[PDB]
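Before any questions on how it binds or moves, here is one chain, the form deposited without this ligand, in structure tokens.
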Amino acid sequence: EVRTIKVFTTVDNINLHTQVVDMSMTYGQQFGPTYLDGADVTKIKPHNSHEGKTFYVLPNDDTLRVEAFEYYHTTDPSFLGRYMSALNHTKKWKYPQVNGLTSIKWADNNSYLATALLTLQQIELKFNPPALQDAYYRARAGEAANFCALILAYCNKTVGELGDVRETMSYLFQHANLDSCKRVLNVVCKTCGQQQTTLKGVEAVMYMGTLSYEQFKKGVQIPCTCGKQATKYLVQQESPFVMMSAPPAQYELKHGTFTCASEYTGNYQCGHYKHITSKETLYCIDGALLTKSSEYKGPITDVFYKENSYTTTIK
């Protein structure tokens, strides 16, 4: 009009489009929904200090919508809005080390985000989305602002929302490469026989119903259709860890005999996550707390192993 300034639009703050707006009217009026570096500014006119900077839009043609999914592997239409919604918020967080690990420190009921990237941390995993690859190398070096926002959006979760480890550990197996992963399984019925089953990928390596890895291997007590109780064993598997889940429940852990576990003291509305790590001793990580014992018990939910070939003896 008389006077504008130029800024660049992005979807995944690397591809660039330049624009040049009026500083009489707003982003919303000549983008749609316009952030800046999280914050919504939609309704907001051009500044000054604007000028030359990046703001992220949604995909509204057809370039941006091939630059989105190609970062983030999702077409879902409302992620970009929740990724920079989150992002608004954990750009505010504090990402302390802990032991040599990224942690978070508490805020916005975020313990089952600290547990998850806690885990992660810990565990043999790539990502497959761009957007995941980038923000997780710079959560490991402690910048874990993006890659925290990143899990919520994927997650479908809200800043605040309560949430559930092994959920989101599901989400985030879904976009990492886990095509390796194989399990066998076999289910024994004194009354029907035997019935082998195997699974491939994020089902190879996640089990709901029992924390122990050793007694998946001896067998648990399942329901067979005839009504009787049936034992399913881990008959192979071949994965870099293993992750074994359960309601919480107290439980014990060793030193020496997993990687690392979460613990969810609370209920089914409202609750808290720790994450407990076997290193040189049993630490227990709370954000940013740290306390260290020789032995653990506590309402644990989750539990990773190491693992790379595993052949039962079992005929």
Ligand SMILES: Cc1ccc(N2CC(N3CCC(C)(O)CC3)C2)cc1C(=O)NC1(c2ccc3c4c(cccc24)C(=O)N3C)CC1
Contents of the next structure:
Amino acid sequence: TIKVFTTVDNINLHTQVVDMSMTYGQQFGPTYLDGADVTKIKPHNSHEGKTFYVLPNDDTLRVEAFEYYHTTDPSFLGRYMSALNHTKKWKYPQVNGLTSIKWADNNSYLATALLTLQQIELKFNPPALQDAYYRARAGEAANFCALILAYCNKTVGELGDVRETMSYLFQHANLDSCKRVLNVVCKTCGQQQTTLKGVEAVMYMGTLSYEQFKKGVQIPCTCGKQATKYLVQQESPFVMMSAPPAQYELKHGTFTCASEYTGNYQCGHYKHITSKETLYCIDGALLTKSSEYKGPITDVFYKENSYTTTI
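Rather than the form deposited without this ligand that you just supplied, could I have the structure of the form solved in complex with this ligand?
Here you get just the chain by itself.
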């Protein structure tokens, strides 16, 4: 036999002694080491003392798993480990003071998302995700990237939409204090206010321009007529404006960052535009810069705190 530790969170370790004749899966159930499924492997001698992730099979571990991940999903941990087996082999270069990702396993949309999250103000509710976010800012982003995949119900190599990913991530973040007040004006039905909170208060699909949203955008009413929707009041640390890819002018100092997308629906390539002393285009490990920009943009992020309209 040998002595090992099992865990669901890598915080609360539970001591174990494994008979070196039986496979870990005989003893503990599905078992993992640094993201690698060891369920059908028998204890080795170098394994001595190491920590093994297991699935939550008693109530103590179900509660420790909810406390760290905010999940009751019994599949969650295996989806995290499947992803980590890849993300731990990715490279995370520093590019322009930001943790990026060298291209692999179709991960351009995760790189763009990772770069964006470093430039906006966000607190994740699950500890596991907040801790991995901190460790990623500091350059070690494998666990964060694996957790993003698991929390978005996405696998390595699958094609991802940045806006869909940020939306899923926002739903696991503390945006509950965030508020948006809209006013719609239809010539038939009249004028009507609406208040949005949470993730709906920070995302809009339809235009890339925050200014345009403040000035008003044409939408359909329930009258079968086109009303105008404008922003009355915004209370959040950022807003995300999206629209189907299209050519768009970006000027330094007027936005925080943007998603550039080139190619066909679903199988194109994301790049990240960020506004610093000049405009930087971060493409995984590649960096380019330009004083001006015109290109195909599909999301733009803007800093906010409190905005109130002038009617």
